[PDB]
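Peer 1: Generate the whole structure from the sequences, applying the supplied hints.
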Amino acid sequence: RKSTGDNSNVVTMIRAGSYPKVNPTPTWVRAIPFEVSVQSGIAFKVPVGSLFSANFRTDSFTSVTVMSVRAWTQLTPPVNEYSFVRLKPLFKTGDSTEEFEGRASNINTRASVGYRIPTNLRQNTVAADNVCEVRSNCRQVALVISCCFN
Amino acid sequence: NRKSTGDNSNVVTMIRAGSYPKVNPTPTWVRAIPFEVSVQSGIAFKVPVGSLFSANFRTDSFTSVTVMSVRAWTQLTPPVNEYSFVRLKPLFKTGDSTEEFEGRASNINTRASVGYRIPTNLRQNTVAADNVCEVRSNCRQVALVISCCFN
Amino acid sequence: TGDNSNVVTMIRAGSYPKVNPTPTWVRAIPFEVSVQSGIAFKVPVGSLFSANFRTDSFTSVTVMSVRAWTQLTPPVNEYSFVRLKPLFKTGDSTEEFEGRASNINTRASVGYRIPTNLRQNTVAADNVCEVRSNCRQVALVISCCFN
Amino acid sequence: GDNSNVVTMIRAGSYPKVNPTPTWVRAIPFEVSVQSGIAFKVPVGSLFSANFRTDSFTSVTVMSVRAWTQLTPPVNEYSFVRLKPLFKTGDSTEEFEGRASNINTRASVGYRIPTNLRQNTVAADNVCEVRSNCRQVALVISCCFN
Amino acid sequence: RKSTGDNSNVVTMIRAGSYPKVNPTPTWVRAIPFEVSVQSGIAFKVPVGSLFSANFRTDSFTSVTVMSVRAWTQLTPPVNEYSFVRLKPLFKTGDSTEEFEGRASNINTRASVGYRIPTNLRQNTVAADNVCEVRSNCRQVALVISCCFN
Amino acid sequence: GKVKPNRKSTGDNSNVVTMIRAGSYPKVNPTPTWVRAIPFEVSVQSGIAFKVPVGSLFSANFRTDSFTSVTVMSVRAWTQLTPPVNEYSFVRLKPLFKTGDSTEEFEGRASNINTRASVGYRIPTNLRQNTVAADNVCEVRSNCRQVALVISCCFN
Amino acid sequence: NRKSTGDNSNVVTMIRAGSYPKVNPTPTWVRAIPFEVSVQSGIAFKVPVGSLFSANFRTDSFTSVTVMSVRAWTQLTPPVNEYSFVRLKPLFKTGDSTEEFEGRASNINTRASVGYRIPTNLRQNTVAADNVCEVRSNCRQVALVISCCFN
Amino acid sequence: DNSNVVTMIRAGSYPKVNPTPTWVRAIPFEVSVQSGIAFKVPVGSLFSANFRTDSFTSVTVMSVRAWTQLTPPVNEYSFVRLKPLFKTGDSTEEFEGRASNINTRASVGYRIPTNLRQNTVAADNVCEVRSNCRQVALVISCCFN
Amino acid sequence: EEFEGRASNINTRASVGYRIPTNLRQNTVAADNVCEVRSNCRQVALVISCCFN
Ligand SMILES: [Mg+2]
Ligand SMILES: [Mg+2]
Ligand SMILES: [Mg+2]
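Chains as they are written, first to last, in the authors' numbering: chain M, 10 to 159; chain L, 9 to 159; chain J, 13 to 159; chain K, 14 to 159; chain N, 10 to 159; chain I, 4 to 159; chain B, 9 to 159; chain H, 15 to 159; chain O, 107 to 159.
These are computed hints drawn from the structure, not numbers from a lab.
Think of the CB as a built atom: it goes at the ideal place given N, C-alpha and C, for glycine as much as any other residue.
Among the clues, some could well be false.
[To be verified] Computed list of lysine-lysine pairs in DSS-like fashion (alpha-carbon distance at most 25 Å, straight line): (1) B:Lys97 to B:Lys54; (2) J:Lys101 to N:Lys54; (3) M:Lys11 to I:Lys11; (4) K:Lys30 to M:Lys11; (5) B:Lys30 to N:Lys11.
[As the list claims (entries may be wrong)] Residues from chain N that face chain K, not an exhaustive set, calculated with beta carbons under 10 Å: (6) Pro29; (7) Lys30; (8) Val31; (9) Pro35; (10) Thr36; (11) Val38; (12) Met76; (13) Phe158; (14) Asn159.
[To be verified] A few chain L residues that don't get close to chain K, going by computed Cβ distances all over 12 Å: (15) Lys11; (16) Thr21; (17) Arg39; (18) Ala40; (19) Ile51; (20) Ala52; (21) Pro56; (22) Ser77; (23) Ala136; (24) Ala137.
Peer 2: Structure below.
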């Protein structure tokens, strides 16, 4: 039968009022997953521009406030080795020297690690800027960046 | 309660991330899209859903949308001696409606406003080729604010 | 003790309200169909739009539940029965909701409710369901929302 | 049951009492033209039309009448509108008047018909006299079609 | 009288009454398992018709309301890669763009995605229709679709 | 106990597709069992019992042609046609079992000629084994030439 | 009241019967059937079900019976110097058992008894041709008492 | 108890037995009746292999119920009377019942008090039946012994 | 019924089983069979909870 309260099955009028405040191009909190190629014994600078793309619905943005960064190895490690990945946060005001590392305990398993950016270091970064250096015995690294597009 | 409320520190801190989660590069997005449409005095006007997908709204990677409710305002002044008015007639691919949700301005200098909610049992996707509602008014332009889910 | 005035009273009206000259209408529409022995009859949604029901002004409707009764006596020695197979534009069903009489002189009846996820609009060209019966006519009472 | 996502059987019983032409409580919006200094008699027939889904009715029990000035007033003047209820058993002499305190704003007033006077009216009957300095008055009539 | 306040070991009479409502062809809520072949870099469209088959006892149905969809990689991934799988729901009233993706964190383990269809999109579907686009680096994906046959 | 409160409702619902963080591949079964009330009719001669074949339960008309076995739980019967002139309808059921047929004659008679007669019987749990198309459910005697059955059973 | 000292009356009364009820001229009747069986030394005797069906038990009208529990007693004195004993090996059409539920008398002049219950999942009907169990005993006769459900 | 295999019974002394016990029943059987003529129902009708009671020679009747088994004469509503009978003395009641729908059975029954519940053999009569329908259906609650 | 079970790790066994309802727990002899077994693996290992009698 379905209820009649009221009635919940047909269009109903909305007693709107004054025109509100609008914004066609609002912000957007997201977790952007993407991968990068990494060489052995060399750090790779993760460019912020990768966060802007139609593949994420974010190419309408030009700046992004990074909150946290997480990385997983995306390919198998060398023979006899265990996957490992490292993150060195970068900042326009001053690059860091931390090497947040994670090593797999099962060769067949990924190695993972992340780092949170404190509030006092949460600013906008443009495509030209770099998020962090990535090091890994695996040739590709899977990244998942929590950030705020604006 | 209270205290730290998480971490609240001044430098980067490690995250003991684990197994690669479930991700989605192209998620959904619930939005309130504002956009205008020109109208003539005496003729209805079908609002194309294709107006909701546009780079002006960041809703450009989408091809389908589920509309929840529609609200309309007269964007321009009415003719001389008249009070603004605006009508909305919901439209559905399964069967157009005959409602004419109408609102009128009680002050000539003020907008007319009206809107309608779409019940859950009629909230299916619409693409660019589909329509939303017929709009009537004595004002030559109508401002729409449409609550919908992009997917 | 519950009566108000005996003369007209003023209404301190305000700003012109939101109005709708053509509202919706939740109804229970009764109508009959003619059914042949052993042949299913597609009930046309267009039957619901008619001045006989004050619904000639609608072109769409949301059906909620369908109830059916046999309108005429069944064949000799037989008991009445009636069957409803829901029909949907998105995918016809194969259910055969059947009710039977226990007294030859009595009507057979059965109905089916439509879940909220399948309650979209239908126009005259569409069909509600299939009807089968040993009786030659079936009386239906369709609960529906005109809009 | 609502939680169901498919059709479910109904164990219907006796053929119920039915009515293909039921009644309907409505708020009917429409406008009427008015000349300066002349009262206009509102016809009940303006309530029976396929613009209101009511062309299938012939009688209606009016409950309350509300009016708003639909067009601007004369220069220098504030809008006003009056209503004199009319009844077949004897017209009234009240002039329920409302005025706008801002020239750009509509003037509004309405009256309630008491229970004892809520009888049917037909297309030839008249609801009330409308007076106004604006040339068109919008009316909303809460009534019961039957 | 059963067996004196027990479960009884004998047939017992039922005082049946009027002939009830009946339905020889009732609805059926099911969780259908089946596999689909997926190649590299291309999306496969899952045909709703795969749900109608005598291998699921459902060849008597011509329409079905789908509720949820779960995918699992059915074969091992390419050398050095971690399995993954994506799911893009499809609807007649408007295909979606979500690429619900799930990856494996162990090369020898499956990757699992799943997505639920809201109620307002739970309409029937026939064999000619489709359910979703499947992507995966594995040559085959196992699917378990929770649906309602009617 | 105290199952009185609570509500759940999946914490309300939404309007768009949502991800499911599925896990391991579950256990599955493409050809599961099915509990059913199967309605069908059988023709009866006057004063001659008719053995109801179990094979009637397996038919595409009931969506069960894919089953070759079934466990019967309860049998209910109704006279499907009018009785003889001057007679009140009646129907008898005699349960049949492979391990030993019964001699019961569960009988129900109409108290109005225009009305159906009805009766049914319940199979105890210690007799609810499987049956195939060739086996029989019960005998059916009646004064009406057709009997309507509704057999509550579990298709496996 | 009414008839003055009714309810527990010494007179006939009227029953306001209604619709004709569901009848069954051949119900089931659960029983405890006592009967004897002759036994030879060192030889097992298969007890036939068709010993439950006899006008001596009013059961000549049944053809099938569901056995629930079997009980046995030595019906004649045992050999010289011996204590009575009796053994039961349950038999089933779905598969014969190998148990030997045995009893013995602690006084030579006293009967030896024993029994076994049939679990629910094994309580199907049995016809005359079938067997219930095997009986062994040093006494030339055993008395039985079977709890069974005729139908 | 709750198991799936035979279990032993620690039986004791041989118990009291009875191979031919009593039996409480609700025997149904039909009898022809002529118009304006009462029919004496024979207790013998209660002893038959159709009821499994062919082994009883006596029975204690407790209550008798009757339903018209065939349709009534044209224009007439069905009815049926019961007159209890006893060896110690026949009664003169006529517990009557009349159908309120020509298509419906007429029904009436009577209950026997404990002081009149002695045994009756085949040659004994339970009651006289009268009706306008040529056949009457009887359900007798009785204790076979 | 075809009660199936698959392994989420290639190196790991796939497992599944079925319960027999009380009403179907009769005796079975050597000639009888218990169930059919299908598998892509060449050898399957069983564990049958049963009551010998
Ligand atoms: Mg790795
Ligand atoms: Mg005005
Ligand atoms: Mg009669």
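Peer 1: Against chain K, does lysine 11 (chain L) hold up as non-interface, every C-beta pair farther apart than 12 Å?
Peer 2: holds (42 Å)
Peer 1: Verify that the Cβ of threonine 21 (chain L) lies farther than 12 Å from every Cβ atom of chain K, and report whether the claim holds or is violated.
Peer 2: Fine: 45 Å to the nearest Cβ keeps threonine 21 (chain L) off the interface.
Peer 1: Is the Cβ of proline 56 (chain L) more than 12 Å away from each Cβ in chain K?
Peer 2: The claim holds: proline 56 (chain L) sits with its nearest Cβ about 27 Å from chain K, beyond 12 Å.
Peer 1: Should the hint that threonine 36 (chain N) touches chain K count as held when the rule is a Cβ pair under 10 Å?
Peer 2: holds (5 Å)
Peer 1: Would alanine 40 (chain L) pass as off the interface with chain K, using Cβ distances and a cut of 12 Å?
Peer 2: Correct as stated: the minimum Cβ-Cβ distance to chain K is 29 Å, above 12 Å.
Peer 1: Does the closest beta carbon of chain K sit nearer than 10 Å to the beta carbon of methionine 76 (chain N)?
Peer 2: holds (7 Å)
Peer 1: Minimum Cβ separation between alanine 52 (chain L) and chain K greater than 12 Å?
Peer 2: holds (14 Å)
Peer 1: Under the criterion that the straight-line Cα-Cα distance not exceed 25 Å, is the pair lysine 30 (chain K), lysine 11 (chain M) satisfied?
Peer 2: Between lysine 30 (chain K) and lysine 11 (chain M) the Cα gap is close to 20 Å, so the pair holds against 25 Å.
Peer 1: Checking the smallest CB distance to chain K, is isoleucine 51 (chain L) really beyond 12 Å?
Peer 2: About 17 Å separates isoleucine 51 (chain L) from the closest Cβ of chain K, which puts it past 12 Å; holds.
Peer 1: With the threshold set at 25 Å, check whether the alpha-carbon distance from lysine 30 (chain B) to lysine 11 (chain N) stays at or below it.
Peer 2: Holds, because 16 Å separates the two Cα atoms, which is no more than 25 Å.
Peer 1: For the hint on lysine 30 (chain N), does the least C-beta distance to chain K fall short of 10 Å?
Peer 2: holds (5 Å)
Peer 1: Mind checking the CB of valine 31 (chain N) against every CB in chain K and telling me if the closest is under 10 Å?
Peer 2: holds (9 Å)
In the structure shown, no violation is registered for any of the earlier numbered hints.
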